[PDB]
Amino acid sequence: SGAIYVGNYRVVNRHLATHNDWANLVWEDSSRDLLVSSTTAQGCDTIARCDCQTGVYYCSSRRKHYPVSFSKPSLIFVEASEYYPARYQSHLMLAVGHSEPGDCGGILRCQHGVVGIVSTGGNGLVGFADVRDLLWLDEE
């Protein structure tokens, strides 16, 4: 579990998005594992506008923050899971790190603010759904 709260927006893994999230759907990309919903509250999170390839992600399955090198957002193939089929996920960044299914929504972040949320995992890798190209999160 984990959500980015910026402006009047809640960002989630789409595979963990609630009936409420869908009722107030702003934008969804099945291929990015990303949903964004409208909120009534403003958010205090800031979205990194940068091309950092080093960050800190929260691993709930370790209750630890891990510094990581990560790849540039790409169209990468993702193996079978349980919350998804074996599929191609876009705007996805891989780092060598621990990621279980329940670590999804773990925030990845650099000095510039939030970079992404944990989306994929296993084979000793962690996949993050990039959100830094979504410029529209930073107004209204």
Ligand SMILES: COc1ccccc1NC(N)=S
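Rigid core here is just the name for the largest C-alpha set that superposes within 1.5 Å across the two forms. Numbering follows the first chain given and starts at 1. First, how it differs from the form deposited with N-(2-methoxyphenyl)thiourea (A1AM4) bound.
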Second form
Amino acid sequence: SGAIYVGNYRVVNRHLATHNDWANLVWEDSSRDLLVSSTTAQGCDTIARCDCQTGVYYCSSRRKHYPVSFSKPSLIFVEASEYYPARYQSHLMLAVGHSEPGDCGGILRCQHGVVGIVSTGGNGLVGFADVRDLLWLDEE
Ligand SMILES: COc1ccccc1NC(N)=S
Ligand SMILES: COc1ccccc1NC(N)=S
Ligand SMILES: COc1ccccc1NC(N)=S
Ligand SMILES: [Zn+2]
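For the form deposited with N-(2-methoxyphenyl)thiourea (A1AM4) bound instead of the form solved without N-(2-methoxyphenyl)thiourea (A1AM4), what are the coordinates?
After this comes the whole thing, all chains and molecules, with the earlier chain placed first.
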């Protein structure tokens, strides 16, 4: 689990979105595994606006943060999970690292702020759903 809190937006994995999230939906994209919902309070997080390929991610299944190098957001043929079938998951970044379902929502961060959240795993890779292209998260 885990979320990003930027202004009056809450950013979660679409597959972990709550009823409250769907009842307060701002935007969702199955292809990206992202959902954003409205919030009443303001949030602690700044979104990275950058093309960094190095950062640090939180892995709940290790209670550890790991420094990683990661690929630029791509369309990545992700194998079936319990939430999605095998297709092109878009805006996905891959790194060599451990990942489990309960790790989805872990933050990846660079010097410019939050880059994305854990979305995929398996075979010694971790995939992150990028949020740095969602410029609208910074206003209104
Ligand atoms: C690797 O993360 C950082 C490094 C230096 C400054 C800021 C950050 N990012 C956040 N605190 S979200
Ligand atoms: C980080 O999540 C995964 C790890 C391994 C395989 C699949 C997934 N995706 C899920 N949504 S549970
Ligand atoms: C061995 O840990 C898992 C268990 C089930 C699904 C995915 C994982 N994670 C990796 N293989 S990175
Ligand atoms: Zn950066």
